[PDB]
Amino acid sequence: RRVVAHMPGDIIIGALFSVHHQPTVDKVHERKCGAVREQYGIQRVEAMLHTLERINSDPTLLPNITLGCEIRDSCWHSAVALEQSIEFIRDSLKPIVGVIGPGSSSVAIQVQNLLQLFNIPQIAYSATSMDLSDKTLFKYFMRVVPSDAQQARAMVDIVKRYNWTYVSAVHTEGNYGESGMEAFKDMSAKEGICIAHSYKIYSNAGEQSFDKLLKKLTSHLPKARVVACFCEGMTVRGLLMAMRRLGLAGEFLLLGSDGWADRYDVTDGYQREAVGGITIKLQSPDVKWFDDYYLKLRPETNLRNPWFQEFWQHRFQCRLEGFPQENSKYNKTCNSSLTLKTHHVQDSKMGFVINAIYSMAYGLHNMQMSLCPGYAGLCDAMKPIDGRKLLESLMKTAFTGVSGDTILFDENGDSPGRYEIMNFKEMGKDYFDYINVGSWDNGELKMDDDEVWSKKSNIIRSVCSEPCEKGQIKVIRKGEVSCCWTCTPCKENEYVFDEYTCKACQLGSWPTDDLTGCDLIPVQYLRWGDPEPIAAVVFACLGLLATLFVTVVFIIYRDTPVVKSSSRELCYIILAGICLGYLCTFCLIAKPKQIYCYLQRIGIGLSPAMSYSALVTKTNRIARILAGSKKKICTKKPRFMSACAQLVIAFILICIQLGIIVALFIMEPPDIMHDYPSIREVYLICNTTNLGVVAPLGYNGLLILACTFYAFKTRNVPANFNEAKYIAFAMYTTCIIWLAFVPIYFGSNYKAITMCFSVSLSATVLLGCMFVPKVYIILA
């Protein structure tokens, strides 16, 4: 059988403290537990044994009745604790009216499942998992500490404050670890946090298991540099030992939990691997009277604690010769100068144990007051202490704890509590310590980012991918966790609306500077100004000046003998054609509008006919004068009427041209098209079809052929300075110029400027080859 601590009293209160370490992986079946514990063992045992004495001494609490205890060792194991609980309830098969629950959540659950069948309230001081908050399954369970829902919140707040996204999760196999990690995973995946992989491991696992776990952790080392540990102290210690073994000294950031807290026994010897790690600790002020009592304990006088001799020998490596527990393993003896003061560290969860004991005592006191207000002691209506009544009294009892605050239980049996954020840092040389760097209280996460990471240099944030949101590059997530993405540029034609997809502008638009919204690229027109249009306007102006000068000379030299052979009316039509051609370019080089491109077409059509048809009829006559004279045998042939015939021949040729232009205008009406050659640029012009520029042009070319043919007939006939010869050069040059612009026209969409220049050149060639004699011959 196992040894237990005893204390006589009227009412007996059970206890389950992990005096010894958890059984090793190979000694589980034998249910033998390992070395003695100081913080979790002897300290808590002494704390209870002294708190009971304090309660007994106090008259204002539980008067006239003394409180006893039966403290048993759980060895931090479910199997051992269940055995001890069976020993507790053996009498029910002095009764145990209540127990101070074990530290572990899984162990607490196992013990509660047995205790609830006998109506024995259980108060825990460190059991934290959310699973114990279910009063349907755990009616007789209370704790003086909050659930680990708040702890998971605090951890999520920590990971979100430092912009850690691609973290890794490790938790101890059990109930505390499982519940904690589930809650953390939920609240982390909710906001924006992603887990590379979740790993689980027993505390008492071998070296090989921890090595494999750390290899798996390092499999994501370059990216996931922060590990979320909902792990016990032994799990963290095993991780540190693995880090030491395989040569990791600070490329992980361990985010601890309540299990780690500020325990010095999890980092002793392996400090350098755990430096920089952040842990969450339940806030509990150090108890002073407990220290005053504890630091004066000696093995010689302290008999009521059965494990104290073993602990004394284990702490100061020595053998106590005078007592049965010699443990001759240790070499040296224990001199009478060893004190517990040296290297004394009180456990963090010391206030909670005293608070739990006080809560049980106050519950009993309240129930005793409520049952028999008159009698001072154990009234007859209590001797069979009813578990249900005690539970009901405990669920509503309130008192002032050792810390100074008021302790009360909510509907779920929990108690209010706040957390302290501690960062493991190196103070000096070969001197590490836990430093308080923040707190968490009902949602607010106060922190001190100056103490943690002295320099802005903060542990490379656990990010699965660098921010791809810079410019045109777009985010594409693969068939993996939706926190890292491939960063790809989508073509500049497109713009990014969603971070994960981009679309292009329809036909005539472009993305803005920010690549959020098309900008409808500006339309380019012919634009008065620009070198080539200015040259066109200059040429048009000079041409118009020449035309008006020639017209002036003609309307001054009306009926001069020299100008009598040519048809005066027909020459008027010639000048009209030339002037209209010169006006056509002025109309054409401009902003396209309905009004402008209504009459640019009639210009380009009518002018080269209104001149060239009249030239045809003029040359025809001047040939008929000579061609008819070749025979000179007998010709009563006034077939063609001097001018009468010539003018109507004109007014029919020009009118058929006008008819064809009007038809081509009617069937194809002019609109202001916004033709899009490329996605880059947008132009606007009036709709021209192939027909609209090939039919009138073809007809004009036919007139060119007619004039040239007739000019070749007449060639070098003696005339007034041989004007027919001038017509010869006129038509030769006109045909050459017409043939010259074919490539540039049917090559570049430079339709407008080439058309303008062609019309101007054709006009100036006539205005030159003709009238040149008329300007200086008559000048003579």
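Under this definition, the rigid core comprises the largest set of C-alpha atoms superposing within 1.5 Å between the forms. Positions refer to the first chain, counted from 1. First, how it differs from the form deposited in another entry.
- Remark: with the core as the superposition reference, the CA shift of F709 between these two forms reaches 2 Å or more.
- Superposition of the core reveals a Cα shift of less than 2 Å for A15 between these two forms.
- Of the two rigid parts that make up the chain, the smaller rotates 13° against the larger between these two forms.
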Second form
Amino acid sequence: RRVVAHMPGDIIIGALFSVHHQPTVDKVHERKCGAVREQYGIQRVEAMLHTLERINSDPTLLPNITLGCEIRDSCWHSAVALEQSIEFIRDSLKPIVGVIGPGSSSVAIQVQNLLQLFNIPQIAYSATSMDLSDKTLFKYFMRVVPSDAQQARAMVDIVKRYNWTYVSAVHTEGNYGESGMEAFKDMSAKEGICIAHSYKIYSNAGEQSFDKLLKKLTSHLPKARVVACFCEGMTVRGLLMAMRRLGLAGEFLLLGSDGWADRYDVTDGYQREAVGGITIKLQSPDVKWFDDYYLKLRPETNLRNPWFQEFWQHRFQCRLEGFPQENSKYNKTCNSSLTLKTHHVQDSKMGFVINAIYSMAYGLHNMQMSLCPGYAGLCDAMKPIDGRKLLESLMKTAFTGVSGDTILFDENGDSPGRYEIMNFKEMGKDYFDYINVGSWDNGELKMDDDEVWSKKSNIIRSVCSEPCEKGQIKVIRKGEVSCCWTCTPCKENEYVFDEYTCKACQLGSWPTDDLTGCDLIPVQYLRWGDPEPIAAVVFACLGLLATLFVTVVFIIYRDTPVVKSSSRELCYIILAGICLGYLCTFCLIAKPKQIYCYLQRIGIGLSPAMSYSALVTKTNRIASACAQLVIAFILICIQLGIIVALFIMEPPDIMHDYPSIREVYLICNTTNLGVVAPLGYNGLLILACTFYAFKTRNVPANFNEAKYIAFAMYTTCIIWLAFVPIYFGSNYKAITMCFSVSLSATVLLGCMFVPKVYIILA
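Switching forms now, from the form deposited in one PDB entry to the form deposited in another entry, please provide the structure.
Coming up is the bare chain, nothing alongside it.
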């Protein structure tokens, strides 16, 4: 059947080493595992077979007693290792104190499920899965290697450090790859990372299965250029084989895991397809004394290792004619000159196997010391070794590993460990070698980006969408994933509220530079320096000059008999009204203020009433005594009363009008009704003036001035009728107001004031 190593002794420690390769996908039911392995097989077998002798020669460990082993073979298969463990326990149905757990995590789970039935403590050296840390189900399981939650954290840190966002994930079926990828998915998709799609594949699947997997991987080729591989060594070897077969020169950047580590048997003959890969390897410096013992081994003298002969044939293809394992398949015959020195690699996880066996030895030594402190041997109270006591002792056995540091088992039976971020690279032509470019110990990732990517043209950033943080362009995501977005800009009215939202601020406002925030529009008023305002104010100035000139001339010629027909105050109140009109034009052009707008309203109400009440008195009186001032002031006072009514109704306040979202101006609260009320008032005044104008328009005067009053009436009537479209049609509004009122003030002067003075001076 399956041969087994032997080493008789007082206490027997079983072991489970993957001596042969996993059974091929066809021979699974026969459980006929395949070709031999050096590193995971013979090297570990000889490591145990020599560390037991190193312990035995040591009197400080297990004095006066002999430690023995029964090394079995697990073929990296749960089904095979279960049956080998059954062979372990058949004696309990020499007893076995414990085993050194199998390398595979799923195999370790399968073995533990049976070992805990017989209180047989199991120590593992590579079973890195998290699921084994649950002491409720796996009480008798311990390991000198940290869980792979730390490994998932390390990979998340790696992809963080390289801007990688849209990665792809492959993991082998089982419990190591499955739980590792679950943890990585958690701590990545939580923070910022994005897995394009998660894939699974058995290690021993056929070539076509890897072909299909690589087709699915190349489906996302342009963007997901990074593959996060929680994959055992053989899975990555299969992936490289598929990469070669279907013609890929290494478009991807494989991101390996503890399975890949820095093994040379996963990238032998397929180096060109793996250049640039980044792997994670547990730090374990090579054990010197094992190398010095192993390199001298020869197939003739080594007889306690039944798998050494077939391995020796397999390594140097040859035939051992003088030994029973002929294996005539190899044509040639090897001389007594082939040595293991040439192309010798000691695996990474050798310090772990040695440390695990040393942990078992120290647990047994502490048990012996505690149970029988006096007796320096096999005390009669410890001959039936109780499993539970040994496990309890093992849980707290701190010692010094062959590496040099101290080995402790925490509450979950793990042990602290660092990491060494390897990086496959092509140092020389036809020459590739794993190179160390980093570290990771308790959340810290030190990794120089110079040995890796000795340039700035690194791998294409595995990013779904390029950043678009340039002003208006935001990001939107339809239904695919939170990582791929189609950038779109929103209107200039709005600014980016967040990454995924841009909202416009209120009517009077504007987004800031680069749309970072929003700012109020700088409001502007009717500027003092501008062609139309300057023209208006100069017009007001010249009109004022003329008006006070007329008042002065009137005052100096106060009692001239020809003008002793109308009231002296009448052609003084008309001057006053024209003066308030000019003051209204002057005060219209200004920053709109409460007092200022009140001034505008009161002037617009009062000035037209003042001057034209004189006309009303004239046309009525020509048709008595001196009460014409009274009959004008009654109309003026009712005008003041109504204007106070609207003024109380519409108190003066300033609002920033919004003709458009771009522009804002500041005005006061004169509304359409509030401006049409005095406009209608003046229209009624003009209607009454016309209703009294006919006879005055026809009856001449001494200086035929009634005719000039008539044309002044017609001109002011037409300028008043045509005014409405200019003010309402145009958005300037204030300019129309000032120009119209100023012109209406001028026209009455130009027909009556000049002729009287002109004749008087002549």
